[PDB]
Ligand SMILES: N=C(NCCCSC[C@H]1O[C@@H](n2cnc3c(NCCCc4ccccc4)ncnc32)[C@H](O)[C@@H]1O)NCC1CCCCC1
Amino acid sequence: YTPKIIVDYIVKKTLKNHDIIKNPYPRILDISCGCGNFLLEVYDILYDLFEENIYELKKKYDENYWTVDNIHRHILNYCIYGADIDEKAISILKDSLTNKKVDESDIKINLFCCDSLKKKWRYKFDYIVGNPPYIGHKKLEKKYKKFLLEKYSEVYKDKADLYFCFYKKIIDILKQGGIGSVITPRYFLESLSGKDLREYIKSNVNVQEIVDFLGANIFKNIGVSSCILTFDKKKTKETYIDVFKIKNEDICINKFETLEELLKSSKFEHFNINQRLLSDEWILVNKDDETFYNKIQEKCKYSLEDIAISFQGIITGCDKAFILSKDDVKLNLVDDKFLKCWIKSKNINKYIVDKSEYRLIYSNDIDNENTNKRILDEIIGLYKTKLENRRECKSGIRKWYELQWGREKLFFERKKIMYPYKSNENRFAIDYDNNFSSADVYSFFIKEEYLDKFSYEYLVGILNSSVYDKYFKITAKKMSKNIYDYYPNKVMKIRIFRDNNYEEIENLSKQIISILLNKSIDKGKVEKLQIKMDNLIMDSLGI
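Single chain structure for the sequence just listed, the form deposited without this ligand:
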């Protein structure tokens, strides 16, 4: 169930400026009403609007039809439309709507118990509101997913979520000049799976306002990051979008009387976006952050993709069969040529990597089972059956004892830069011990021809600075509260520079690394050094 404040906000957002005199026959649709949270509020608003202008309607239109007693019949016969796939919810909503008046004649309530995606809608609607389903994300049957692919190929493709299709339907059955307002998961704004949906929305309807709650738990005891979308098909010219992005992601929804109070408060920030200038990723930032990003973009000649080679870590397919504690006695059974140092994301800090506490048995270098039978029977064979269920093992590409994705050793066994894929801040570290890692850590190394221009020390100096932390967080995807996704498709697009401040920045980075490396270390001075480096970086970027 949607929170009541959100429902009231959406309903008012649509119907507040409706001219009931000009069009006393509005069609308002709840595609997924459930118990009818939106439709009851729509009924109340419509009843108040009609009673407020009942005598004007009587004077202009038929004098007998427009009476206060007839408002209930008119609303239930011509105005409210609801759809659902649950018959019990439909019956409950019908009973509530009938009891809103409190049997002389028959009142036909326009309620449909059907699949909204597969229904042949007879007419479009002036207003559409509600909350599309999200409980069923990947639980669709094979036939249903095939139908979605065949009939909704423009917004739904493989990894797309169900509610994407709903968006298309809401756009398709919206009357020209009508208004739609829904609360949905916010993931389609930034996820690569929703590029088709974003383009479909941008090229058809005018978006008016986006409420981005980010990681705030809008739905109690439900872990979905929600957003509110309002749009119209009116003949606007400029079509600027109000954006209300939350600031404090730990606020409580119930602690406010209305959503307007929360939006106008300091817990939210507002800025305008030109819809014509939207990219595919829908970067939504204020003017100051936009100027910061543009300055950094124009100042930097190179990007990480231009001067570096990036790769994902080892994917064994069964970590228990190949990862052991360095203290484990079974490592005495494995030749040290097959053992590689193994690190996790927690082992990666700024500028350096913690000492590896684990060893990976790089079984791809085991040639035959006869010579190393002890390794294959006493260590790796413990999970042989599970290792046999891997896709490449079943297809015959990889042997049962080999790593599913062992990548290339020579990529890992070199001086490189490693970073976690999900972190609250920029943590880029120079690896000095040829560490191997799982997919939770990404790595990259400088290209050979750019080694004279860029050094690992300078790269980790600029990347770990607060300047580049802000620069990356501007465009980075926020997967959860206080957690950003650090993936190559975003990390490698970071732009880097080099100028007269290069040598001093590199020296400061070297000092920080040297302090962090020694045993008798106090963090201390490092912070001071960092501050100085940041100054230079700002001096280099004109910020």
Contents of the next structure:
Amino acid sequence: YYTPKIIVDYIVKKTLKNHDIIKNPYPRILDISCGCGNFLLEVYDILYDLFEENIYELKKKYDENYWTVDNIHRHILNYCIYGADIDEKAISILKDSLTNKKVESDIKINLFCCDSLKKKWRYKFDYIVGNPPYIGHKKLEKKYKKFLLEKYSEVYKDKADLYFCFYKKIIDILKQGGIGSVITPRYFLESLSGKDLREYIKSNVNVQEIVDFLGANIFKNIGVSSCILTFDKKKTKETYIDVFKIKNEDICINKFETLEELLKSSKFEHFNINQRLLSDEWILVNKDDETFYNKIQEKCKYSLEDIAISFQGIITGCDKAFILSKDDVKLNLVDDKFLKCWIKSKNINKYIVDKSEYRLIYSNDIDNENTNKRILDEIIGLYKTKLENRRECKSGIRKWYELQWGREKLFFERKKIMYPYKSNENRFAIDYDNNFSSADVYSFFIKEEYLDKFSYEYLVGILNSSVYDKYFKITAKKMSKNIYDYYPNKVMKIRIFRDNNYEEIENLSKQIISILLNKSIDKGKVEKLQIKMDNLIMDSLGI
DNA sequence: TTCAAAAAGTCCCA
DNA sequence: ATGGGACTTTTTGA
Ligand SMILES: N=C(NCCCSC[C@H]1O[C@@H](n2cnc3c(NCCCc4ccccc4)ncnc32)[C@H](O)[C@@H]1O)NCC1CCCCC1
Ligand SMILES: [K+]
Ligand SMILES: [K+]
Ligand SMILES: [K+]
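What would the structure be for the form solved in complex with this ligand, rather than the form deposited without this ligand?
Full assembly next; the chain just shown is listed first.
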């Protein structure tokens, strides 16, 4: 959880580089989750140089006895550096580190061992920097979540993250005219959960700059995707955001001595976004992509949500109790009426699904424990303890052997389209085989009233096109290197069109499906057909 | 009653 | 041992 030095230096310089120490020699710089002091120790160094280089100007303008080089260390610690953290061992270490910068009478260091989200803050701050804790909805303590939902409701609801609240706290205790700079996960820029947080930021601070590392691995051995947000409360009217979006996610961050060298390089693209034009969604793309995205949005008269019914897959609550290999001998104990075909996200390709290798025991259809005791005793019951610990079993809503969220079978046992929940690219397939799946695969079918306007074959044709792959990724939620979330909260917002190319687009899609399903697959002709279809779609959308 | 979101992902190997 | 690639469960609030 140590922040790389190149990033820490950038964040501290972002807040302090243009501070007028002559005009205000008492800046308050705060790290609200300071830890061992990665940021605060750097703040000390930047401040010490700033005072030392202007010591004679300060001595002349103010108390000439107070402003001496020998007094800089005491002045910084008494008036300038502030830190908070729940870990007292970390605070104890940081207090010694700040004390040892000088090496008389004891100096008072403004370090607080507390919950920053609970501390009564007695004053606001000129500059706030740091790296807050990230805790999601599963890993956050439930008693603590009751407090967040009560006191941080403006940014924390439902599946929100703890670091949303730190954004609220930082914004709230930032002084008028102050600057804040933090590194957090990037997901709030796009996630459904971040909607209220994005609204809070946009309407309370001026966002100066967003550094989006997309799927690059900033923290070694940490599966998180990062961004750096810099914002102020200055009296400003232009309110444009500098956006630095990484171009190559494989870049090593230490290739340059400073992060500014990386941002100005070819490894990053830069563009500006007008904060006044931000909706509840933040479309952070360059001018070419915005033009591309807007062309499609205006041209398409329908969305998938308009024409389709979407649903999440089965959630058994314990897969090992209900999912068996189709060659497992224990399936001889299970009547075939209980057995469903089961696929994973890797089984979804463009246009068609791999033949399934697993079976789901649709245990909800087992009427009672004595009629099918063999299945319960020998297959499902091997995990009875874990099954009984599921929420709906402890409450009695669900029997110990039942699927936790078995949905409705009739939704799955029909022609439908399926796609993986996380993928590098658009993979929408037509399911012909009544496949069931877990929540790693999403499904939709077409509403009856739109069947004469849209066919499954036409839909997988355009949804798998290069145009729609780029189109979806403009606003999709970037998760990790080469992985986007394909979830209904964005997939169902995809807009679709219907025009004179409909018949030829549909016909090419049928050819691709026919080739994909034959014995000797010549994958090459599929690629040529896809190129022809992409041209038709670009012709249709005028790009 | 029952939906769908959530990576400080998880796990393995060369 | 690490960094990078393949692949993705069920807990949870609403
Ligand atoms: N995913 C993670 N990553 C690691 C955090 C790294 S973040 C950097 C600094 O941040 C410091 N830090 C963290 N939280 C706060 C905070 N509010 C309390 C948050 C709510 C809470 C409730 C109950 C238990 C724990 C936490 N206020 C001030 N400092 C804080 C924290 O000590 C750390 O050195 N989990 C770890 C989780 C386990 C218990 C201790 C740390 C939290
Ligand atoms: K003087
Ligand atoms: K990453
Ligand atoms: K992990």
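Positions refer to the first chain, counted from 1.
Two rigid parts turn against each other between these two forms; the point where they join, the hinge, is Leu284 in the list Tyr383, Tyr458, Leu284, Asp95.
Relative to the larger rigid part, the smaller one has turned by 10° between these two forms, according to C-alpha superposition.
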